[PDB]
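Peer 1: As a plain string of letters, each chain reads:
Number of protein chains: 2
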Amino acid sequence: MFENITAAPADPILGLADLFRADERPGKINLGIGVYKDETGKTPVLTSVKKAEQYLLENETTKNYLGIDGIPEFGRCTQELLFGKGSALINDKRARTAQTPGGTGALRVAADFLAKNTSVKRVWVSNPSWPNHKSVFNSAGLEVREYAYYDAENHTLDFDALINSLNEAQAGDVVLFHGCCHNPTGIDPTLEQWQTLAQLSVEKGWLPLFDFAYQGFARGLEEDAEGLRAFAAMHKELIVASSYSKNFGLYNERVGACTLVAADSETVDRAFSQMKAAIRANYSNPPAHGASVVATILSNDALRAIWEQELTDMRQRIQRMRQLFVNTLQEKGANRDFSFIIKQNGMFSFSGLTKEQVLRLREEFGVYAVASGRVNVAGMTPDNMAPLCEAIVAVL
Amino acid sequence: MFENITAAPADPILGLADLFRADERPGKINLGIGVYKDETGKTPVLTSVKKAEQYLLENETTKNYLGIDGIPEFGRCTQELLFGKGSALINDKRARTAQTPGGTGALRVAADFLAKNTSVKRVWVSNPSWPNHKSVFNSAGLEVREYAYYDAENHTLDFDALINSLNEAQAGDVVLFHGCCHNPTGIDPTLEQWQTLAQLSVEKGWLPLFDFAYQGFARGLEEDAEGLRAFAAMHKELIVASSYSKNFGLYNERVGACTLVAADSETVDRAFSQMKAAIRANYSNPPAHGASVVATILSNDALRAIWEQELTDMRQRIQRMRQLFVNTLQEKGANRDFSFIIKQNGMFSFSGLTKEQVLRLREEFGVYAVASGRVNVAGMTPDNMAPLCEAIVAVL
Ligand SMILES: Cc1ncc(COP(=O)(O)O)c(CN)c1O
Ligand SMILES: Cc1ncc(COP(=O)(O)O)c(CN)c1O
Ligand SMILES: *c1coc(C(=O)O)c1
Ligand SMILES: *c1coc(C(=O)O)c1
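Protein chains in written order, with the authors' numbering: chain A, 1 to 396; chain A', 1 to 396. A prime marks a further copy of an entry chain.
One thing to keep in mind: the hints can contain errors.
Residues of chain A' placed beyond 10 Å of chain A at every Cβ, according to the derived structure [to be verified]: (1) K116; (2) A152; (3) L200; (4) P286; (5) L303; (6) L324; (7) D337; (8) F340.
Just some of the chain A' residues that point at chain A, by a computed CB distance under 10 Å [stated by the list, open to error]: (9) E60; (10) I163; (11) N164; (12) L166; (13) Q274.
These are calculated hints, taken from the structure and not from any lab test. Even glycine gets a Cβ: it sits at the ideal position worked out from N, Cα and C.
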């Protein structure tokens with residue numbers, strides 16, 4: 001049965017990780033990482049998370065299955081984060097949330113749900129996007145088409161090209177939007193650009209799918225949800241796939257949510273029964289530990305305050321590194337404009353380096369980025385900034 | 001998009017659970033449960049598990065993502081449980097294991113892997129089986145066909161009918177086998193019957209898929225794996241979907257494994273790269289907490305000893321309830337043979353009651369079973385046995 005199976009493509013990131021590990025130079029710096037790292041180069045368990053885990057160890061009396069949609073309190077806290085406390089969508093019971101194994105799990109549940117229960121055949125994704133978006137949608141039998149996004153000259157959002165690309169989308173296609181901290185570019189629509197897109201989406205009959213993996217990493221929890229909320233004010237229907245992997249440092253516990261919105265309670269409940277059926281046929285019901293930690297924190301004033309500050313600390317360190325990176329490049333004689341780095345949001349930016357400059361950086365200097373030139377600014381520290389920038393200058 | 005979606009069928013078990021909760025009779029007994037319960041009616045967290053969770057709280061320094069296939073030690077301990085320490089399959093590196101979100105997650109990964117990378121179109125499942133088997137395989141685009149299994153007259157394995165049904169299976173079809181504690185019947189092949197099936201499967205060109213959700217609940221860890229090991233001795237290729245939900249009381253933490261076996265190392269590694277691709281496009285990588293608890297326990301002599309005894313306690317309580325149930329029915333004047341209950345394995349048996357007797361039991365006596373007459377013997381206790389049996393006698 002298996003004798004003729006073709007191997008899956010490697011698999012950079014791991015290929016990159018492995019090369020990085022093997023490298024014996026002093027010296028070496030990994031900007032190809034996917035996770036947050038603090039100033040010491042560590043990805044620690046958040047203090048709010050450790051405190052919550054201690055409470056659960058003391059208080060849990062069973063591991064009996066969660067419902068298919070997971071912990072009720074998790075769903076309620078999630079909807080408040082997404083839509084705002086006192087949202088009409090919440091008041092009118094137009095939203096249903098399933099706790100899922102991570103953001104990826106939420107995307108796959110949305111995809112299986114749409115493929116099985118609707119006429120959706122196609123999902124529109126930005127060029128560029130997270131490479132796994134295509135894999136997820138294709139796995140559910142959905143075609144993926146790309147829309148223009150990145151202006152490689154100004155390092156900004158090519159808004160005209162975006163709108164023009166999307167005119168090819170038909171009524172009933174899904175359009176995927178990154179809620180904030182666009183991956184890989186860090187370029188997000190302004191609120192006014194979000195509002196323009198919300199109106200266009202209504203007129204064109206698109207089903208919005210928000211991917212919200214970085215809430216809190218751009219400006220703050222509420223501000224990062226402005227775009228989503230602009231859409232939610234205008235649309236009868238939408239889906240949100242959110243993730244707590246980065247903003248709770250809960251990567252490996254697989255903590256996400258798929259939130260389904262419909263015109264009214266009756267309709268969302270009926271549609272959600274089929275979303276639950278898609279979950280049941282996949283992993284049955286979701287992993288408790290990570291989501292219970294999230295619900296415990298979000299629903300407790302003391303823990304929530306500690307967590308909000310820890311998230312602020314991450315957002316602030318990232319922004320400080322963006323600033324230090326631009327200043328240091330200027331100081332090491334880059335002599336070209338990297339100011340775009342300050343205005344971009346979250347962990348990731350395109351450096352503007354070519355694929356060959358990236359290969360040179362790795363081979364000659366032991367500085368590792370993704371082949372596209374995407375760098376994780378949380379791999380930068382005050383201590384590694386100077387040699388990092390000296391290397392970059394050397395390949396320009 | 002969602003206005004015309006048809007609701008998913010309810011959903012017994014929850015429908016059953018809800019009726020049970022609403023019932024105001026003293027009095028009431030739920031045998032429709034899916035989980036183990038101890039003599040007090042509780043599903044506690046195992047002591048070995050609490051101890052492991054304490055160690056992880058003290059020792060974890062990151063939640064950084066696991067690899068796509070999860071924790072290496074988990075995979076190694078899993079293969080030893082399945083195949084036996086010193087197995088040729090292990091020595092020859094013919095097996096690769098992905099940690100998955102539960103047994104269901106392992107089944108879906110196996111199904112997506114097969115649908116995408118092989119000529120498999122069809123999976124053969126026993127009649128009866130766990131109802132979610134059909135849903136999982138169909139979700140991946142695979143047809144499900146049934147093979148005969150249950151002799152409703154003798155309450156035994158209709159081995160002739162099984163073999164005759166399976167002659168309709170073509171070379172390259174998958175045949176699903178429950179490793180031990182067949183669900184819902186508790187009827188397992190003898191070792192000699194397993195050996196006969198192993199030889200037939202080789203001759204007919206079937207790909208065996210073992211579903212192993214109850215290892216340790218029939219006779220013991222090693223004995224429960226005899227059937228699987230008989231197949232593994234004969235086959236170049238097979239898949240095992242196993243679950244630790246019941247034998248570790250880790251239901252909600254979603255702890256399972258998909259183990260792929262091929263003729264040799266080169267072949268399994270190549271095939272496994274595509275299994276990892278199927279995982280990546282689904283939930284990306286698996287939840288750490290539950291599997292880390294399992295690996296911690298299995299790899300530590302002291303914790304493993306405590307856990308093995310806790311599992312023995314569960315297996316023994318189940319067998320005691322089977323015995324008490326048969327004795328009590330005889331004593332309450334059932335006056336028909338229920339001896340089959342003693343010989344069946346695990347939590348579940350068909351009582352032999354009709355759908356109408358089951359409905360009567362619930363309406364008149366507040367005794368709840370699944371509509372098929374399947375009962376969970378772990379819902380029985382020395383204290384509830386007499387009224388349970390009095391009710392059953394009353395509907396015969
Ligand atoms: C845009 C985007 N979508 C979703 C994901 C997947 O998140 P998770 O690791 O929670 O599955 C990521 C990675 N955090 C991402 O960058
Ligand atoms: C035969 C069978 N297969 C697999 C499963 C699913 O197991 P899990 O809850 O770990 O997903 C069950 C329920 N334990 C089952 O009875
Ligand atoms: C978090 C997990 O993966 C990423 C990535 O960009 O691949 C972020
Ligand atoms: C464990 C989870 O579900 C069952 C069932 O029979 O449905 C057992």
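Peer 1: Hint by hint, say whether it matches the structure.
Peer 2: Structure-based check of all given hints:
{"no.": "1", "hint": "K116", "verdict": "violated, 8 Å"}
{"no.": "2", "hint": "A152", "verdict": "holds, 28 Å"}
{"no.": "3", "hint": "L200", "verdict": "holds, 17 Å"}
{"no.": "4", "hint": "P286", "verdict": "violated, 7 Å"}
{"no.": "5", "hint": "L303", "verdict": "holds, 16 Å"}
{"no.": "6", "hint": "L324", "verdict": "holds, 24 Å"}
{"no.": "7", "hint": "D337", "verdict": "holds, 35 Å"}
{"no.": "8", "hint": "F340", "verdict": "holds, 29 Å"}
{"no.": "9", "hint": "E60", "verdict": "holds, 6 Å"}
{"no.": "10", "hint": "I163", "verdict": "violated, 22 Å"}
{"no.": "11", "hint": "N164", "verdict": "violated, 24 Å"}
{"no.": "12", "hint": "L166", "verdict": "violated, 17 Å"}
{"no.": "13", "hint": "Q274", "verdict": "holds, 5 Å"}
In summary, the numbered hints that this structure violates are 1, 4, 10, 11, 12.
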